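Encoded as structure tokens, the following chain is the form deposited in one PDB entry, with no partner shown.
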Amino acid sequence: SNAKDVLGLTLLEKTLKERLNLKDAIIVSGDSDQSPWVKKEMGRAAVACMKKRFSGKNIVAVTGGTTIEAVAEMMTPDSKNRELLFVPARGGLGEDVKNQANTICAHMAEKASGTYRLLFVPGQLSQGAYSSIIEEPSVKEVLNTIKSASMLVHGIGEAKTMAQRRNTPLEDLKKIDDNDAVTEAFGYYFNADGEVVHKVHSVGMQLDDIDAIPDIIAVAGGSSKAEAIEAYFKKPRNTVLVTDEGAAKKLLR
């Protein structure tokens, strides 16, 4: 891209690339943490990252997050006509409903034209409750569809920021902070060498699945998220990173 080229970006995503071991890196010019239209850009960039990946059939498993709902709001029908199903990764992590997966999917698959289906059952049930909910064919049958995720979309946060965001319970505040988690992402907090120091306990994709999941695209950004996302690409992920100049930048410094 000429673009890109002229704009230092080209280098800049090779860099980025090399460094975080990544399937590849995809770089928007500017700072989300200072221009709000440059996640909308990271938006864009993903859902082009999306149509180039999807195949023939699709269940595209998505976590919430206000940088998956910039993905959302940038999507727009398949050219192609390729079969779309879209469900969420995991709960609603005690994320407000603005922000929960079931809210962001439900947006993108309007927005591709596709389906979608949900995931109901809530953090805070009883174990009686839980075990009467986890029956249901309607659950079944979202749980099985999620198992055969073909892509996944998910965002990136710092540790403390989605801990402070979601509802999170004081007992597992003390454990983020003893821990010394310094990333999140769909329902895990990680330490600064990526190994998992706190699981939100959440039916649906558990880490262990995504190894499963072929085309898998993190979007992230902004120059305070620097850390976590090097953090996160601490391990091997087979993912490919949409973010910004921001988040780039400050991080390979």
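The term rigid core refers to the most C-alpha atoms you can superpose between the two forms while keeping them within 1.5 Å. Positions refer to the first chain, counted from 1. What changes on going to the form deposited in another entry:
- In a rigid core superposition between the two forms, 121 is the single residue of 121, 143, 118, 74 whose Cα is displaced by 2 Å or more.
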Second form
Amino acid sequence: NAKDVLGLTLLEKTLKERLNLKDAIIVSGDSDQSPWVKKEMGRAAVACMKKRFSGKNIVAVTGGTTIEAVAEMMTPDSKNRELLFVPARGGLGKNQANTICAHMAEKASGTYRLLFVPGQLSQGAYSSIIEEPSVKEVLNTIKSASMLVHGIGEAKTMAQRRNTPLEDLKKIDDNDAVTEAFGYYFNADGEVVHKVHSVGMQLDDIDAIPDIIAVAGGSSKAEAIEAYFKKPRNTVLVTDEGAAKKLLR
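Having seen the form deposited in one PDB entry, could you now give me the structure of the form deposited in another entry?
Partners and other molecules omitted; one chain follows.
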């Protein structure tokens, strides 16, 4: 067996003993060194998604480069189950999840619904917009997600990449954020320390989603991945040896 000779089976067993994980899927290599490893995580994640699909599916997705790799490897479902894709969230104050969710849907021969992309407005304007019947319909669809597919990032990297207010950068630093996922920053114990001003999915909502698949790897993410899974998330992690071996040794 390939997974036996590469040592992945024993490694996945141990990663699941260590982290709060429903299951672990580890591909060979370190994506920080070998770019194509992101594509193999993509392949593995798609295969995992397809094993979990029910007859009808609403799949919420995030917008980072590893989820893009999942979209690129997406293929139509052999079982022809019904597939609607949506972004898990949209920022307030470009939505990259929108791009990913459209690409993934086209690749799966599914359908999708995107979130509005507003200019800079007052809170009152945003509050009025989210109650608009057309917008509310997409938010309710996101609330009904049967699956979430998301990345995990280093906190400082994510906060700098965005256009994060100086007040919030200080909050993020001062509260020792180390990891980021779906618009939330968490500390080393996996506790929320800051949330991006967003619409769509909230951390409390993940509890009710039957299938959550986190796709994240590379040796530079070992600490972020460990922190995120310091609490139970009922999540299957698709990762690589880069991250898994650095975490476990």
